[PDB]
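Left out: one protein chain. Kept in place: all the others.
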Amino acid sequence: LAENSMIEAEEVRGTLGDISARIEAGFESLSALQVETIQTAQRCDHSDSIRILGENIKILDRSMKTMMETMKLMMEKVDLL
Amino acid sequence: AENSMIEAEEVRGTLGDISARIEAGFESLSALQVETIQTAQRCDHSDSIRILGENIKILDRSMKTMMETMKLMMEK
Amino acid sequence: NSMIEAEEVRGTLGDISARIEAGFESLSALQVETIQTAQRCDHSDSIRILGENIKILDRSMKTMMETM
Partner (left out) sequence: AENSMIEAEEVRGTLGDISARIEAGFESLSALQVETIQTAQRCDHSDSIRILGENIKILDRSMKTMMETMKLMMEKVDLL
């Protein structure tokens, strides 16, 4: 049964080896998908675009202030009629 | 003696349970990872934000038109 | 010595399964928190409602233009 012990040893090694293979197959599979996850996340970061968008809306507002000034100037003139 | 065979049978069972848990865990985590990337894709609104700005720009151009119109009425 | 060694291997293999379950259980907990956090970054409704307001703004501009 000395050979028996050897076959049982080789079978144990093979299985353990396959286990290590499944563990390595997974960890890199999940890590890769995780790298694609973080990347897709970066895409959803529209911080700069929004801040720019607000500053243009602000220029807009400052242009309506201007329009009002001109508006009330016409008002004065037609009032001094 | 053959107490080794029964011992080997037990070792096979436990190791098989291990492999099952490994495959189950990785299979579950991966399915939730595909759900994560897909949900993130939804959070991308680059097109929407851009159309919004282009609308603000058109609106600004319309402001300039009124401004010219106003001064025009002034000259009158 | 075969059984005592078998008892030793069983302990280590049992510890192995525990670490596997711990790792998988922890990572999933952080992914459910991750997916939930990702869901928060969806602003489709807000972005669109904002645009509809700008459309009213333009509509009012066109109204002013005709008034003049």
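Going by the order they are written in, the chains are A, B and C; count residues from 1 in each one.
Please note the rule applied: contacts are C-beta pairs under 8 Å (C-beta built on N, C-alpha and C of every residue); 3 or more make two chains touch, one makes a residue touch a chain.
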Residue ranges of chain A at the interface with the undisplayed chain: 2, 5, 9, 12-13, 16, 19-20, 23-24, 26-27, 30-31, 34-35, 37-38, 41-42, 44-47, 50-51, 53-54, 57-58, 60-61, 64, 67-68, 71-72, 74-75, 78-79, 81
Positions on chain C contacted by the hidden chain, ascending: 1-2, 5, 8-9, 12-13, 15-16, 19-20, 23, 26-27, 30-31, 33-34, 37-38, 40-41, 43, 46-47, 49-50, 53-54, 56-57, 60-61, 63-64, 67-68
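One rule holds in what follows: only the chains that are shown with their structure count from here on.
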Distance between chain centroids, defined by C-alpha means - chain A, chain B (Å): 7
Chain A and chain C: spacing of chain centres that average the CA atoms, whole Å: 11
Residues within chain A bordering two or more other chains: 37, 41, 44
